[PDB]
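*Asks:* Chain by chain, the residues:
2 protein chains.
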Amino acid sequence: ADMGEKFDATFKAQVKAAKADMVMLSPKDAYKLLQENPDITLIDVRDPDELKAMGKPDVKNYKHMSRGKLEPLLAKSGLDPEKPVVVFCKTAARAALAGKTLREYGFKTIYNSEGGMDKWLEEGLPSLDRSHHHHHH
Amino acid sequence: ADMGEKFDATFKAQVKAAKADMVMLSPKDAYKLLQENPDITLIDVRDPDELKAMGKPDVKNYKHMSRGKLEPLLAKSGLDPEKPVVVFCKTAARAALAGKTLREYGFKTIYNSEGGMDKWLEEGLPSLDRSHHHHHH
Numbered sequence: 011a012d013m014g015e016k017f018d019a020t021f022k023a024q025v026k027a028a029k030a031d032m033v034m035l036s037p038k039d040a041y042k043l044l045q046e047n048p049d050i051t052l053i054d055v056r057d058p059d060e061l062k063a064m065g066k067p068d069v070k071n072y073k074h075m076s077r078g079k080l081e082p083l084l085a086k087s088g089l090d091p092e093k094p095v096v097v098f099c100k101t102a103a104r105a106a107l108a109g110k111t112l113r114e115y116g117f118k119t120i121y122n123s124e125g126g127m128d129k130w131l132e133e134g135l136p137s138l139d140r141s142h143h144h145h146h147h
Numbered sequence: 011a012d013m014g015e016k017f018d019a020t021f022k023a024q025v026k027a028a029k030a031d032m033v034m035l036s037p038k039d040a041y042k043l044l045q046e047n048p049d050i051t052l053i054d055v056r057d058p059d060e061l062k063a064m065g066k067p068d069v070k071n072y073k074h075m076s077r078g079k080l081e082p083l084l085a086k087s088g089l090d091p092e093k094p095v096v097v098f099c100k101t102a103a104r105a106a107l108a109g110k111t112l113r114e115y116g117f118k119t120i121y122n123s124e125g126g127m128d129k130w131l132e133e134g135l136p137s138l139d140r141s142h143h144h145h146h147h
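Heads up: the sequence lines are chains H and C, in that order. Under our numbering, the first residue of the first sequence carries the number 11, and numbering increases by one thereafter. Under our numbering, the first residue of the second sequence carries the number 11, and numbering increases by one thereafter.
These are computed hints drawn from the structure, not numbers from a lab. Watch out, some of these pointers could steer you wrong.
No copy is singled out in the list; a pair is fine if it fits within one copy or between any two copies.
For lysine-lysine, the following DSBU-like pairs were computed, each having C-alpha atoms within a straight-line distance of at most 30 Å [as the list claims (entries may be wrong)]: (1) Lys26 x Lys93; (2) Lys29 x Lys70; (3) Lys62 x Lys26; (4) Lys38 x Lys93.
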């Protein structure tokens with residue numbers, strides 16, 4: 011009555027395969043091609059409160075696709091299977107669902123961003139954040 | 011040119027399969043089994059920041075499993091494939107990944123919560139939220 015350890019290994023086997031499905035990059039390597047090639051778009055999948063409180067990537071070619079998992083919003087942004095795209099927030103937000111799907115449909119070059127939103131802010135990458143110092147408590 | 015019409019339906023097919031691989035129950039029926047039977051645990055899989063702001067389900071046996079997709083926390087929660095569990099927030103956070111994977115391991119009864127966090131608050135269900143009573147302008 012304690013099979014928590016038993017199935018845990020399997021869960022990690024399934025979930026990790028989702029990041030393995032596509033080309034795993036790093037937010038710097040991803041931004042590199044983003045800023046140089048305005049045709050390569052980054053699609054961020056994260057909730058509005060963290061985006062508001064902590065910040066989100068500041069990129070010229072940025073599409074934030076929310077809904078439940080960008081499903082109905084995908085066509086709304088304007089995407090074609092010959093366009094290179096990268097997804098942010100792989101783990102918690104599950105960018106793996108956002109990106110690995112597209113390549114499973116027929117997208118040329120799709121990248122997944124290792125780490126997450128925390129890596130964007132921390133790696134010194136261009137972020138759009140409401141930097142405010144008017145607060146003590 | 012544009013393949014929006016094409017993949018929009020496909021993405022909806024894959025994302026929908028995730029709700030289909032679960033027993034879809036409404037938060038009222040979900041909380042019912044939770045509050046009456048403390049063996050049926052509800053697992054909330056969502057971000058803590060929006061949780062802080064909007065509120066989270068205040069049930070007797072609520073466990074927040076926060077990782078990439080609850081994988082490493084599922085082992086430490088004290089769960090056994092003889093217990094029924096329901097996953098809340100099938101929307102953006104996609105609790106469907108939490109529950110649909112578990113049935114692949116042989117759980118007793120796994121439910122997915124129709125609607126989402128919005129349905130919990132809207133239904134006036136037991137929630138733990140910090141009333142924003144510090145704003146008059």
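*Asks:* Hint by hint, say whether it matches the structure.
*Replies:* Okay, the hints, checked on the actual structure:
1. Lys26 x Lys93: both (25 Å within a copy, 25 Å between copies)
2. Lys29 x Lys70: within (25 Å within a copy, 35 Å between copies)
3. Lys62 x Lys26: both (28 Å within a copy, 28 Å between copies)
4. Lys38 x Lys93: Classified as within: same-chain Cα gap 19 Å, cross-chain 44 Å, threshold 30 Å.
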